[PDB]
Each structure stands twice: as C-alpha cells, then as structure tokens.
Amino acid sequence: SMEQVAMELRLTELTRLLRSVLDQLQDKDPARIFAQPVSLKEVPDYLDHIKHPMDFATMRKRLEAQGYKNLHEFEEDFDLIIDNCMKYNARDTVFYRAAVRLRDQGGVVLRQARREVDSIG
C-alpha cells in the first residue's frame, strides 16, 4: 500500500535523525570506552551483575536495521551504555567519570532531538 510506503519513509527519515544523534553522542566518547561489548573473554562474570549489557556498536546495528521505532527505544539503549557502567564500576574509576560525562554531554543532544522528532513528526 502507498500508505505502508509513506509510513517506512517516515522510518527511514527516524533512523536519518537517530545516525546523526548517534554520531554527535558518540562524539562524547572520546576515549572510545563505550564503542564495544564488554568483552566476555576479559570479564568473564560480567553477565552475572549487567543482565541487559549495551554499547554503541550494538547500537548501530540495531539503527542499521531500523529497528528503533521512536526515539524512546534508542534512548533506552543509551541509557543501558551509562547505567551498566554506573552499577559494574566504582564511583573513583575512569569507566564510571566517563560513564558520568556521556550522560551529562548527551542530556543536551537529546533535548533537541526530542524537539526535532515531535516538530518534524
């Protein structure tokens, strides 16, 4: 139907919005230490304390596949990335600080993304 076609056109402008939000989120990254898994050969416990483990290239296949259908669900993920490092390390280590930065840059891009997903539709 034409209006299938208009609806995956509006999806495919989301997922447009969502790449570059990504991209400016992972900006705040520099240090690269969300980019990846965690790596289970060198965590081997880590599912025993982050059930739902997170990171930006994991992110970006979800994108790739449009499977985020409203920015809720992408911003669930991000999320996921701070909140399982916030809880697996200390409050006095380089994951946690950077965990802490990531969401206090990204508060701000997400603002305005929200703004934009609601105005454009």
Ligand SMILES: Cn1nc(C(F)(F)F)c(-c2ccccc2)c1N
Given for the second form:
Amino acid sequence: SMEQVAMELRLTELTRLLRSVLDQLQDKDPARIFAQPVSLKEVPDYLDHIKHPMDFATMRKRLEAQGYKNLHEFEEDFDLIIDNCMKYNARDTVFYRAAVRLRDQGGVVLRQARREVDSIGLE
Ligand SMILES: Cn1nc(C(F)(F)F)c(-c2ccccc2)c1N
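Switch from the form deposited without this ligand, shown above, to the form solved in complex with this ligand and output its structure.
Complete assembly follows, chain above in first position.
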C-alpha cells in the first residue's frame, strides 16, 4: 500500500536522524570505551551485575535494521550504556567519570534531536 510506503519513508528518515545522532555520540567517546559490548572474557562477572548490557555497535545494528521506532527507544539504550557503566564502576574511577561526561555531552545532542523529531513529525 501507499500508506505503507509513507510509513517507511518516515521510519527511514527517523533512522537517518538517529544515525547522525549516534555518529555524534561515538565522536564523544574517542577512547572507544563504549564502542563494543563489555567483554565477558575480560569481565567474567559482568552479567552478575548488569542485566541489560548495551554499547554503540549494538545500537548501530538495531538502528540499521530500523528497529528504533521512535526517539524514546533510542534514548533508553543510550541510558543503559551510561547507567550500566555507572553501576559497575565506583564514583572515583575513570570509567564512571567517562559515563558522566558522555551523558552530559550527549544530553545536548539529544536535546535538539527531540525537537527535530517533533518538528519534522516522525512518531
Ligand atoms: C563501558 N565499559 N564498562 C566496563 C566495565 F564496567 F566492565 F568496567 C568496561 C570494561 C572494563 C574493563 C575491560 C573491558 C571492558 C567498559 N568498556
């Protein structure tokens, strides 16, 4: 149907928006601390602590599969990346602090993303 092609155009343009957002976000992690899943080989008890791991590459595969229906779903995964990091690592540590910084940097990128989504009307 033509309505379905309409729906796909919107979802596609949401995806095109989220790609940009994600590309900006990973630029804010030049250490690439958050680029791949935390390694269970290197952190064997990680899953005893973190029930829902997330990382940028896992977000990008969902993105390109157009599995983000809206900006909220995308944000929730971003929050997992940040929050998981802040649970496992203590406040005085360089990991905890990177997540704080990425959360703050990221909040600006996401602030305008929420406005474009609303303005261009994609949900
Ligand atoms: C975002 N994040 N968080 C963690 C940690 F929670 F496991 F410390 C790690 C990690 C720490 C040591 C080895 C491998 C990965 C990363 N990359």
